[PDB]
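Single chain ahead, by itself, as structure tokens, in the form deposited without ligand ADP.
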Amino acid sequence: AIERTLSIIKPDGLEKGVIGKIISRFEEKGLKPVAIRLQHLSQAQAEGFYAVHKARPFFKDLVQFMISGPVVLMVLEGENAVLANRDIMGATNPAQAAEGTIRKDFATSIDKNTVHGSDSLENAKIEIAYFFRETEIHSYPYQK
């Protein structure tokens, strides 16, 4: 089933100048970027986005890092995109991340782990609707 999932290139990814390399990782794996927008999140936006985790000890630090610089918001489309996205990102902890994943190659630490990806189809629908209107998502054919 063709699904859509949210991907966010965190502040450290832009600072390292690897936006293109990250997008290429998805493209080469068949995850088609159908929505992309560079944006600098406000505290209200980050908090609203991570609301279900407001009780976790990491919450506050997470929010501050996510608003410390601009991020690149994206919607990836493909067969089993939600899971495929998580595979390509790799384990949350870079030291524990598999070979060839984004976090293994680009992440700094568990706290500065370069990318975000929806954890489930259920959440993907919410995360996407949070950052994009349906009119901002555009599929296109892959050819040549």
Given for the second form:
Protein chains: 2
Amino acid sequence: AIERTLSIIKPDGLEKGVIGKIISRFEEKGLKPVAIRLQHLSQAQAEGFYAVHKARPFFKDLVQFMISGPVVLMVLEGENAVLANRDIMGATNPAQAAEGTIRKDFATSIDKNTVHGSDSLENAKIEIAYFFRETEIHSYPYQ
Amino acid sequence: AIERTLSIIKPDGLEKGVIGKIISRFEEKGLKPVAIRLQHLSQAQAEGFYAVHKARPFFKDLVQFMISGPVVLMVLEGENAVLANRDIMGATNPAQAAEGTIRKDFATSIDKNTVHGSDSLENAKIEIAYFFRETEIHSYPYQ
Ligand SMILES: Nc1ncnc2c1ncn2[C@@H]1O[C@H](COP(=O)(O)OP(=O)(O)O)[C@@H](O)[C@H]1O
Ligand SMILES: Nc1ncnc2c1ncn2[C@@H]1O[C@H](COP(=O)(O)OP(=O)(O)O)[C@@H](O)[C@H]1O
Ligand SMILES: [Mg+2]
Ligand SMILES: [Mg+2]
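For comparison with the form deposited without ligand ADP, would you give the structure of this protein in the form solved in complex with ligand ADP?
Now the complete complex, all chains and molecules, led by this one.
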């Protein structure tokens, strides 16, 4: 039941100074950060990561925003982590995000929506391998 | 005035699930995390890092604790960062730690005091260069 999923705090999250608050949201929910790395993505990295949206019309802006500032890359671990993550994140459009979700509480607009999360276990594996070596991920007990 | 200093959330901080809470402490006090990386230190790394304490009787234990589990390495940037960081951390001995400090709130004992902070600017340069390439540190504008 324990899975690992990718979480990324987008540039607006760091600029709003809410890195800690966001991380706490996961921790309080049982989503254990087992890998964390603040990094400034290059255009090549963002494009390759979001390649699935190349045919889409906002892709170019998505890429620019994703490289406008540094982000915080994280791997969350827990039971049904992929889904749990999507739940706490909330809807893509902050306006439609549920109460208490990261996006409803911190997101500005649909373009600047503070966080990213793997949409599936399949994509989680890919996204995690894109940004982390297995040797960079470390689980630990909660006690 | 504006300085950069090294902060490390020791193994017990992650086990207590308070990474977010600790980071928020800094963010709200004006200490901006410009570099972050969760890592499991090796014996060689912990020893080399705490070289100044090589002749102290607690050295061997400090090293063992520091490699018992992963830690979160961070570089904080802000006004009088070196001193500011330490004030927020609190006294080495949790018993003597002031109200509202990280150690009084989260530390359990002196040999498991949750956080590390560079003790001086000269040492901050050394400690930061020990764990981070200049290319891994990224400042960004706030709100
Ligand atoms: N219909 C849309 N119109 C405009 N921008 C969108 C739309 N759908 C998605 N996006 C933007 O592209 C980003 C990436 O999409 P997605 O692949 O769903 O990842 P994510 O986890 O980052 O939300 C979204 O977070 C959002 O900013
Ligand atoms: N007298 C002591 N007895 C036991 N452990 C100690 C003692 N002094 C320091 N240490 C340990 O080694 C670390 C050394 O750091 P130090 O430079 O003494 O101050 P700090 O509290 O700012 O980290 C401490 O945080 C603590 O874990
Ligand atoms: Mg999608
Ligand atoms: Mg010290």
